[PDB]
Amino acid sequence: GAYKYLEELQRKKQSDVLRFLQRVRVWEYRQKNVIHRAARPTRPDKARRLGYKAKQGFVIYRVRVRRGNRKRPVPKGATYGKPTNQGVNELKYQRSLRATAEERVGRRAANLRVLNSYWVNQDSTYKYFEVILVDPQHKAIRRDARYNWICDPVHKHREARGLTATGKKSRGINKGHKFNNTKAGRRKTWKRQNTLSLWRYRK
Amino acid sequence: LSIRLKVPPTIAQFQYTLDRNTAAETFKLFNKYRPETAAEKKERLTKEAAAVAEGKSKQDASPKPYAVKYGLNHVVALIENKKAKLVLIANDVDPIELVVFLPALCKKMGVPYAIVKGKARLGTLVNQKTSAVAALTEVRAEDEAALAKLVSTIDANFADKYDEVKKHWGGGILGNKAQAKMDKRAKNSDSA
Amino acid sequence: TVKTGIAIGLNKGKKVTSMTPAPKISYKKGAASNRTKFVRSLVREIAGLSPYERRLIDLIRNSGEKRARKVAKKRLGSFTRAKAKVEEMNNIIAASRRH
Amino acid sequence: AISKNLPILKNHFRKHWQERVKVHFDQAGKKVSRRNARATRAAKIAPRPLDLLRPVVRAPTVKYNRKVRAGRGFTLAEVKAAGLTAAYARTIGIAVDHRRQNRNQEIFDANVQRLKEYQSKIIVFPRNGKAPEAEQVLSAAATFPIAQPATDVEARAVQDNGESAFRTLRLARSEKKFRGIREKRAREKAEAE
RNA sequence: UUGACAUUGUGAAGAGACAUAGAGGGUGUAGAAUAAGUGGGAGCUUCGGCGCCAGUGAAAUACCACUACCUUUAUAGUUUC
RNA sequence: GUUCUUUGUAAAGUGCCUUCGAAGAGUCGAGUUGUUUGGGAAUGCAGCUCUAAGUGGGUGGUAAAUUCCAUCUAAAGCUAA
RNA sequence: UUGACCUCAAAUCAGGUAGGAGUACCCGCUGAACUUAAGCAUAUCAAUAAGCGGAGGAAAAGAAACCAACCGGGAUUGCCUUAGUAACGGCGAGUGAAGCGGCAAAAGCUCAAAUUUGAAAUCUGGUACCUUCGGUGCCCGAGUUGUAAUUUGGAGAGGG
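Line by line, the protein sequences give chains A, B, C and D. Residue 2 is where the first sequence starts when you use the UniProt record's numbering, and the numbers rise one by one after that. Residue 65 is where the second sequence starts when you use the UniProt record's numbering, and the numbers rise one by one after that. Residue 2 is where the third sequence starts when you use the UniProt record's numbering, and the numbers rise one by one after that. Residue 2 is where the fourth sequence starts when you use the UniProt record's numbering, and the numbers rise one by one after that.
Simulated from the structure, these hints should not be mistaken for lab results. There could be a bad hint or two in this list.
Straight-line Cα separation of at most 16 Å, EDC-like style, residue types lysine to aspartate or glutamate; simulated pairs [said to hold, decoys possible]:
no., chain 1, residue 1, chain 2, residue 2
1, A, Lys14, B, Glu161
2, C, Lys15, D, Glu20
3, A, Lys56, A, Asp124
4, B, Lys230, A, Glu91
5, C, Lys38, B, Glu144
6, A, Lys14, C, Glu54
7, B, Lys171, C, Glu46
8, A, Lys5, B, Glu161
9, A, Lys192, D, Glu20
10, A, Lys5, B, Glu144
11, B, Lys231, A, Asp17
12, C, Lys16, D, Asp52
13, B, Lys230, C, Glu46
14, A, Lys170, A, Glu160
15, A, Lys72, A, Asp46
16, C, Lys38, A, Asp145
17, B, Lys213, B, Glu107
18, C, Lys4, D, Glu20
19, C, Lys86, A, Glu9
20, C, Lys84, C, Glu46
21, B, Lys172, C, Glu46
22, A, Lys14, C, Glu46
23, B, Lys231, C, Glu46
24, C, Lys13, D, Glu176
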């Protein structure tokens, strides 16, 4: 309703008036741990258009990880082959540190069902992506009125899916030229299309 | 927020409180105006079964429910239609982002907003737990003089302090052990 | 654009006698109204401006309208937004120190 | 080392296509099965024809001529100017398109007319049971073939009054290009106040 | 191992060198002189001042320029102190 | 093909005129680095600084800018054969 | 000198949930060597072998910020064709996608962005009753930081 005024609010948090409030936002995010218990959402605008109902189910988590890349536990470079392929620190990851906010609390989500996710505040050491979950074994969810697909075996448990809301956040898998790469997947988008299908009735 | 260091110019109203001399008559004024509870409304439906349902009189043979206005972070029709009078502010306010634009929804339209602290007791006269504002558009003649009188009080204690507050920041509040050495240092530095 | 009706050469297309009814439903996202210019005249006036734009409002009028645009150009990342953001600042200054 | 004057093969050879080649030895397998589902799962299950009357749409581009293609519906504008609504067409069997409409005149004067030879040929059975059977047809897609409308016949008299063509189209292509060149100097000449 | 921005607020902050332009001194022997290594000597508003005015003599005093700048100020500001 | 019930002064859909037209908030774009690919001077994925608009933005296999037109309505989910 | 709301906790109860094997096919993330090589790096092999986790009973993808410059186009994948010409590679060995046409299989839908304001109508839990992949009544909690009904880019909502 009155979320139209919240739409304008974007860079006002960094302006010379609410810039002090920016630290107050990331304040509680670091004071708490990784896995804990939360209550009512802090942002009624974002945690709403992803699926909302004033009852007992829609919550907002608070996961805290590092900020950067990843280095594989190899004995100071167990690889070491080609000078271009080499570089244990040059291997600055490639394709996953965004679902991380769910990929670890997915064990805490395997017993539930992740709805969507978003962002609130960050620094230069940690990451804070608040994720909303919905309990699928809850009778209020199994019935309700709108949603009637939660009962059916549908979801992939958004922590090993790769097709999360934070995963479909990117992943251009449309139909155009910029979407012909991962249109099928990784193997079938190459192993299959490059296969000379030879029937019985050969030419 | 408004105890330790500086305060944001967009707010600077949490340090200001209302006296118990005016707030007393304010709470008692909203006492007579409250919707019926769930325990005294569902049973009432069985009483009007032979007057409204079988009586064929939708909202005809029923007294006017003079209910006080309300709404905080969800106000749309009370601005475009100019139906906002007495406006109150919440106490705790967990969303920090949902308080920096509350006085702006009354200053632009010239709506007499009142900086008050509390919404829990006013949540009892609305059959809930938390409340918000309490304006009156269709008030009776019983409390007509008890409503216009408070208008001149709010406008001379809240409406006159907005532009001046917005300019200045706000601070100078003493801390704790910090002022037990800092203030004692300047005393010996000037006149030992 | 006056088609040819025959083989290609000068014009492009065919003489289509369309009835040109109702097109799409979202050509003009912005307009006058009393709500679109009600939020910015209530929310934007609170915070005012941003720290990186408080310096750009002292380069357009002072250092002319050439190099000042280049400063905001690299500040954003493109020049396509130098007429949708910088141009908007012309109405901000006039609604501040002027009025 | 050197293949001399021979066409060097650059296909999927060097790779391990020993177990990669997905051979398909079906065709007739899924044939009969689907046909056992066309005479049962489509005939003795929900007594309705599969291939309904598809909208005769054309296949453009100069690369292909005298072609013929089908669609997914008759839009909403064609249904509105037919006789019934859009929501009512979803109950009968009339195909309805989506996400947009059409603006062409030839399209409107081809699909709407065809619906007149379909809607007036069938009726609507009541929802209160009954609904007698009068031997229906399980083929509405390939019932009324529509080819390309021929213009004038092969008996046109000799008409000429300055054809040129080869000289006209040559200057037409030049005029298409030389637009921001000829008019460029002309605009800078008429501005001489 | 090193550096800028951001993470990370605030401007009451001791002392310098700059990003466009107009004065200030150019003093070694002799010539009462500011003749600064080199170039330019028929000239710019023309009624009028100096055009090469005197003694001395390697260089002689308006004139769009490669120029080393002893010491200041300077409009919206200033990467590291 | 039958028997047994009144949902309902109800619900849904369609036409014309006046007053109108909301659209997700560190997301898109751009720049640097790594990996991958068929895409030719930045296609997809991951991380970081700067950092979007309301008569708007983006794409349509060759970057950018000025004067016109123009296949869409994303950053959310579910969905037979 | 004395009672409430929000946030943060603690059991062995009615009513629920979590930790894996097999695993064709398929999907997300991370990550090698050998063969060929007019010496070596780039590149090919290879968005690979092996290994791990989750979901489904087909999976991924897909009902348009897509594909065209024509006779405007009518959802995804796969077989045939487009298609071995361009591109990428010490232009060497190699890798090599998509659009038009044609064929088989079709019926599509909805949250926030939106206050009934002159009667908190729906959903969850417990008891009783009953026709138990459910319904009615009474008594709580969640719920003024606004739920529910209506509506989905093809327009839709609010009046006469």
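Comparing the hints with the structure gives:
1. A C-alpha spacing of about 9 Å is found between A/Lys14 and B/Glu161, which places the hinted pair at or below 16 Å, so the restraint holds.
2. Distance hint between C/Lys15 and D/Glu20 is unfulfilled; the C-alpha atoms sit about 52 Å from each other, more than 16 Å.
3. The hinted pair formed by A/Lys56 and A/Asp124 fails the criterion: a straight-line CA distance of about 33 Å is larger than 16 Å.
4. Restraint check for B/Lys230 and A/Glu91: the C-alpha separation of about 51 Å exceeds 16 Å, so the hint is violated.
5. Restraint check for C/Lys38 and B/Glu144: the C-alpha separation of about 13 Å stays at or below 16 Å, so the hint holds.
6. Restraint check for A/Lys14 and C/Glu54: satisfied, since their Cα atoms lie roughly 14 Å apart, inside the 16 Å limit.
7. In summary, the hint linking B/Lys171 to C/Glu46 is supported, as the alpha carbons are separated by about 12 Å, within the 16 Å threshold.
8. Taking the CA atoms of A/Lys5 and B/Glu161, the gap is near 13 Å; set against the 16 Å cutoff, the hint holds.
9. Between A/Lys192 and D/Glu20, the direct Cα distance comes to roughly 11 Å. Compliance with the 16 Å bound is thereby established for this hinted pair.
10. A hinted pair counts as satisfied when its Cα atoms are at most 16 Å apart, and A/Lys5 with B/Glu144 qualifies at roughly 14 Å.
11. With a C-alpha separation of about 13 Å, the suggested pair B/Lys231 and A/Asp17 falls inside the 16 Å cut-off, and the hint holds.
12. Using a Cα cut-off of 16 Å, the hinted pair C/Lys16 and D/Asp52 is violated, with the two alpha carbons roughly 34 Å apart.
13. Taking the CA atoms of B/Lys230 and C/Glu46, the gap is about 11 Å. The hint holds against a cut of 16 Å.
14. As the CA atoms of A/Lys170 and A/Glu160 are separated by approximately 14 Å, the hinted pair is consistent with the 16 Å bound.
15. Taken as a hint, the A/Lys72 and A/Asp46 pair is broken in the structure, with Cα atoms around 37 Å apart against an allowance of 16 Å.
16. The hinted pair formed by C/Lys38 and A/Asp145 fails the criterion: a straight-line CA distance of about 39 Å is larger than 16 Å.
17. Between B/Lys213 and B/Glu107, the direct Cα distance comes to roughly 38 Å. Violation of the 16 Å bound is thereby established for this hinted pair.
18. Taken as a hint, the C/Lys4 and D/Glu20 pair is broken in the structure, with Cα atoms around 57 Å apart against an allowance of 16 Å.
19. As the CA atoms of C/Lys86 and A/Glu9 are separated by approximately 15 Å, the hinted pair is consistent with the 16 Å bound.
20. Between C/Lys84 and C/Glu46 the CA atoms are separated by roughly 22 Å; this puts the pair beyond 16 Å, and the hint is violated.
21. Between B/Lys172 and C/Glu46 the alpha-carbon distance is near 11 Å, which keeps this suggested pair within the 16 Å criterion.
22. Our distance criterion of 16 Å between C-alpha atoms is met by A/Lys14 and C/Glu46, whose separation comes to about 14 Å.
23. Between the alpha carbons of B/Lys231 and C/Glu46 the distance comes to roughly 13 Å, so the proposed pair stays at or under 16 Å and holds.
24. For the suggested pair C/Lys13 and D/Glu176, the alpha carbons sit about 13 Å apart, so the restraint of at most 16 Å is met.
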